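J.: Residue strings, one per chain:
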Amino acid sequence: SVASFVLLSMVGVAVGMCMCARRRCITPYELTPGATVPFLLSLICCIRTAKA
Amino acid sequence: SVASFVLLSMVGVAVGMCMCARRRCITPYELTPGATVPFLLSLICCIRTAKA
Amino acid sequence: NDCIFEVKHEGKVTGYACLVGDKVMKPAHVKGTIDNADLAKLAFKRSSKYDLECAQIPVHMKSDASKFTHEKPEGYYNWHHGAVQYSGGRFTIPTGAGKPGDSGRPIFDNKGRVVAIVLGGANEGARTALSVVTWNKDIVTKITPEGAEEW
Amino acid sequence: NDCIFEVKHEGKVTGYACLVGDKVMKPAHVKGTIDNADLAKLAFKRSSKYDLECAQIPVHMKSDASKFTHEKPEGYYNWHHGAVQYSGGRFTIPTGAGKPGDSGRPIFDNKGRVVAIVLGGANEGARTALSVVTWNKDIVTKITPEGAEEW
Amino acid sequence: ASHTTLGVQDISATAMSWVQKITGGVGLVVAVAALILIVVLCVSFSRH
Numbered sequence: 372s373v374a375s376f377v378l379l380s381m382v383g384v385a386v387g388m389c390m391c392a393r394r395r396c397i398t399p400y401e402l403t404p405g406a407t408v409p410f411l412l413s414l415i416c417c418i419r420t421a422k423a
Numbered sequence: 372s373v374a375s376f377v378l379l380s381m382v383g384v385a386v387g388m389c390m391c392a393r394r395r396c397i398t399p400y401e402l403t404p405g406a407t408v409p410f411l412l413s414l415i416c417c418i419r420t421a422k423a
Numbered sequence: 111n112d113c114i115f116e117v118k119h120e121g122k123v124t125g126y127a128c129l130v131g132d133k134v135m136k137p138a139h140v141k142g143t144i145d146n147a148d149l150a151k152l153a154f155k156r157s158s159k160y161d162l163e164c165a166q167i168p169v170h171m172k173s174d175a176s177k178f179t180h181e182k183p184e185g186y187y188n189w190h191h192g193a194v195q196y197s198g199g200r201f202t203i204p205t206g207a208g209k210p211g212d213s214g215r216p217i218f219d220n221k222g223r224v225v226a227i228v229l230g231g232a233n234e235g236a237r238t239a240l241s242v243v244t245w246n247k248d249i250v251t252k253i254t255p256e257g258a259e260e261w
Numbered sequence: 111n112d113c114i115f116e117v118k119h120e121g122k123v124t125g126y127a128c129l130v131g132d133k134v135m136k137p138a139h140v141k142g143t144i145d146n147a148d149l150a151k152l153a154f155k156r157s158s159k160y161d162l163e164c165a166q167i168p169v170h171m172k173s174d175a176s177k178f179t180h181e182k183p184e185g186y187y188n189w190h191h192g193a194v195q196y197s198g199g200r201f202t203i204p205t206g207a208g209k210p211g212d213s214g215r216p217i218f219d220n221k222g223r224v225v226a227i228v229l230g231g232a233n234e235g236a237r238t239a240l241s242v243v244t245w246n247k248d249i250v251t252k253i254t255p256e257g258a259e260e261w
Numbered sequence: 392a393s394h395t396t397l398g399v400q401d402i403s404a405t406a407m408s409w410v411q412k413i414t415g416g417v418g419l420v421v422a423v424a425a426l427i428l429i430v431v432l433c434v435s436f437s438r439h
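In the order they appear, the protein sequences are chains F, H, L, J and B.
PDB author numbering numbers the first residue of the first sequence as 372 and each following residue consecutively.
PDB author numbering numbers the first residue of the second sequence as 372 and each following residue consecutively.
PDB author numbering numbers the first residue of the third sequence as 111 and each following residue consecutively.
PDB author numbering numbers the first residue of the fourth sequence as 111 and each following residue consecutively.
PDB author numbering numbers the first residue of the fifth sequence as 392 and each following residue consecutively.
Isolated chain F (complex conformation):
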């Protein structure tokens, strides 16, 4: 029960860190007029383009 809890907690943290990185590296693109996100970044961060 404890091992399952800890392993699940670690995964939840890994996801939270990924989501933090996803926001931090993308927000500046949303703030910038035109939302000119490059194609490769859109695939990596699972985000939509300016004309989406």
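Keep in mind that the hints are not guaranteed to be accurate.
Said to hold, decoys possible - Dumping the calculated DSBU-like pairs for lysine-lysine here, alpha-carbon to alpha-carbon at most 35 Å: (1) L:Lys177 x L:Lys118; (2) J:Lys141 x F:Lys422; (3) L:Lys252 x F:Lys422; (4) J:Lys141 x L:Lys182; (5) L:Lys122 x L:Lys182; (6) L:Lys151 x L:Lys172; (7) J:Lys151 x L:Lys252.
Claimed, not checked - Partial list, derived from the structure: chain L residues whose beta carbon lies under 8 Å from chain J: (8) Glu120; (9) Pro210; (10) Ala232; (11) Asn233; (12) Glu234; (13) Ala236; (14) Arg237; (15) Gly257.
Because the hints were derived from the structure by calculation, they are not lab data.
Note that beta-carbon positions come from the ideal geometry of N, C-alpha and C, so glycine has one too.
Fit chains H, L, J and B to the supplied structure of chain F, relying on the hints for placement.
T.: Coordinates of chains H, L, J and B only, in the frame set by chain F:
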């Protein structure tokens, strides 16, 4: 009889995928006025050179 | 000028086809037959990606095809019903200038060259965004304003 | 200068929201809900390192958006409270030209295009250095003069 | 019994590589997610 059918079906699918890929890859060149198909691309797409 | 052909349905006009360079371009969203029998019998390649149906022009008997350019500098262009303002990556017209059935008309520069073909547009309030087919030096591309509808 | 985009977001106004390009912008340090309803209901993305909140401009009011450029030649720029001197890559105004509550106002070039938004500034004798949000090619950056206070 | 007690878990059966594989798999996901965040923070830090 079944093995023959499946193997033939797999080939027919592989060919269909290739034809679909060929059309999607070349469309932007044949759809565009004044455009000329790159020499290497015409060899890959198995099509006639340029517009003739 | 005068390189525009009508595309007709059984009971109405649905759009226009234009002769540009070596190819005749028609919007894929327009249903009907080209008024000119010489073009009506011509096979077209349909692409839903760019909303286009294109075919090679019978230039041996159709030498009236218009000139075209890939260049898109900021400024005003002639789109038949008036001037269209180009800025950034978008074309903009007066709100009352656009209408359904007008798709297929080209946008001309000050040299008489075709720059883009009108598909539709979007109402942005004081102005209407214009949805067009354009091209770069290599391939054809499309510009789609948010909320744009086919005309 | 001759155009107003400065929408108040509070009964007691502390800065203004504005339309720049395709995005709605306001300083992150100022509280209140943007007026005129259509902007009031927008969700905003906040970045604490830029002191900036942004949201997508609704299509129907997109035509009222201010023109935007990242280009910043040395020289003078316009704003609603006077002129701005751009020198050494920094925007400067006469002391007293701006006050707390005047933040969120765009700085315009000679073509009427927005180059920066005022967040605050530092009062150094007769001149005040401005703390602004500005843009480079495909990126948002911020300039914060030492001793600058929020407006 | 002629032997002593099993004692505190640490002496469990071999073929417990399942524990190491699961722990390693989760630890690896954390290590990668941590690296991604660190790289983004480093880039974000340099940008002003």
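J.: Which hints from the list above does the structure break, by number from lowest to highest?
T.: 4, 8 and 9
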